[PDB]
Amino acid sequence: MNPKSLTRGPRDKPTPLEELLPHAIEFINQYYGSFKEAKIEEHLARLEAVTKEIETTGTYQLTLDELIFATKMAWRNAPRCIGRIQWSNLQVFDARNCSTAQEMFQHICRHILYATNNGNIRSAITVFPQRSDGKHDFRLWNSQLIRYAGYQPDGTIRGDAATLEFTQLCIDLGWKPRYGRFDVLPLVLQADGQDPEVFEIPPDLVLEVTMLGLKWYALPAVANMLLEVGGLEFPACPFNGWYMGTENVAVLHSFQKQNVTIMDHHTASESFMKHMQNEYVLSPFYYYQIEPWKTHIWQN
């Protein structure tokens, strides 16, 4: 077996041109090939401009349309994603001009607003600036945009056991811990390679389904993966879908009763129909990363 690593790690220098160029050329071919027999002269013109740009700046910028295509192909290329059957139902937010953690926060607020849509969940991805030298990365330190804290004496955990470590990190970063079963964690946002800053999510932005005391948030958003395309790496690119029912009877009932989208049969059929409507190593690809608190060099 020759599996590939599903993880893409940090860099300390820009991707070498002899490495970047072949990957860019190949992505551009994939993009223009999606037009089948059309746009040969456009394809060649784009190859030229991208090459000059790489040779002159050391890197290159995707067009918006190339970016959109890439986010959708990367989704189509996600082996375990059940939602990838309707990969054309994806809203893209272009945050590649983002500079600060405060601005990252506002972009994420918009994403959560749009995607949650009062319960009528819509799939979205927000793409922050691409990796340059690897010393100025944008990262979300959260695993998901919305997730409950987990607190550890008897060895048992209150909250989400999966967030024990990250929760402790937020505390260490000055976040004030409640100790409930359902405390929504703050966003921990890193911009331009700087130390991360901590932002509470406005509670009204968090839609929850009450199930006994049980409760859960409506929006499943992956915060911590990296988008690769044409040799470019985007270490900050949160995306969301909607929940599968499986990840109990009460749950399937409560989401449906509160009108929050889940992947039931009707939704599967509806979203696939909408997908077919739009019809009028793997790359690009979403990689896992190393948890950033294990690799970050603190400014202070």
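Rigid core here is just the name for the largest C-alpha set that superposes within 1.5 Å across the two forms. Residues that one form lacks are left out of the comparison. Positions refer to the first chain, counted from 1. What changes on going to the form deposited in another entry:
- With the rigid core aligned between these two forms, only one of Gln61, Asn259, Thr267, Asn29 has a CA shift of 2 Å or more: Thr267.
- Taking the core as fixed, the parts between these two forms where three or more residues in a row have CA shifts of 2 Å or more are 1 to 4, 153 to 156, 264 to 280.
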Second form
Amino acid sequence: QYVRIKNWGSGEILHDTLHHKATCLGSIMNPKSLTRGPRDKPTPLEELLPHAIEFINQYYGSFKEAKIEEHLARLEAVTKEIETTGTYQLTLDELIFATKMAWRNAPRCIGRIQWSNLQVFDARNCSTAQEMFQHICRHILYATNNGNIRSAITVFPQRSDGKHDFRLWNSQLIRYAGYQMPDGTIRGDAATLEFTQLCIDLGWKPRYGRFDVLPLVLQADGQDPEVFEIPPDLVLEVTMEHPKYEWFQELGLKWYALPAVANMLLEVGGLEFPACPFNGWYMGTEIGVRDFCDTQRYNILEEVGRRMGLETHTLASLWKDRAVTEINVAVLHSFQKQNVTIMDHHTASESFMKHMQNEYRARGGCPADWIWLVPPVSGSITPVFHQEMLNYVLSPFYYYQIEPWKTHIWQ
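Now show me the form deposited in another entry, since the one above was the form deposited in one PDB entry.
Chain alone follows, minus partners and molecules.
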């Protein structure tokens, strides 16, 4: 059967079949259903082996020209591998496939039309935190590409017993430090207060700035994490300026060009990769609305309002809506001016709609979390708002993890 899905803007109807391949608390950010926690022992054969077979089938079934001999031979090899060793190793080709599929299956990602365009750095041979650091640097460097942003993923060694996990303690590859000031005030990124403390506690020298790039906190083979400063030549920044307001530059705002997730787990055919940093390119509203205007972040709304000469004390004036748009054009303008890849939320919405349509035609569905896909600003002025969606967990998938410091056994 199917689930009937309606696009209220265009009246269009779609039939979801794909939800049958799946594995209200919808407005929860980090639900347990979206988390893949730690392990003390390897995954039971009873659950590993069927998952593995399904992946191999999915992998071979994706081929335009089917190769039955290779498929059955690989099915045989993998089965024998799991039954005798208690685990298995993917081929590079299978890993590349897994990373794209997991992105294709990320319900919270608006940039999925790009799913097939991903550079994969195989770091499964990695053994030390220094080698992890080198892989992360190469990733930052490749992905940054002097502002011509490229989507990439670095896949570190898979979880074995769960006592030898490779982990990136950071939220993101590039992110700013947040300090609780003696004044009671907060400096920089209020969202990294706890993690900034962790870095300081592990020997990081805090420069006490508003835009201090946090260090890499790398855990290799279950060992205690090691702190590494990101070479500043690798961190590309965009200084904020408005195309009409000269005073915008005076706010002294900047942002990093690279949106890279550092802390997620890639699940593929029973295998778990607890260290697999990935990136795309920015969507303007993420910096302009979330990073600059949330009270839990840089919180600049009032200042941009006052400087525009608006009624900052009457909500009914819509000064907040007026200010947010200027911040958003500034973000867009600044990235454009400085030759750095950025996408506006309107263009992204249309792109996702095209992708979703392609996905229903290609496989009878697209897992999509409406709450995440709808831009944080101008919702209904956007096609995705009027689109009914089905949110489900397929495989391969990118899961959240429990924060490493909460489960790590020290030395």
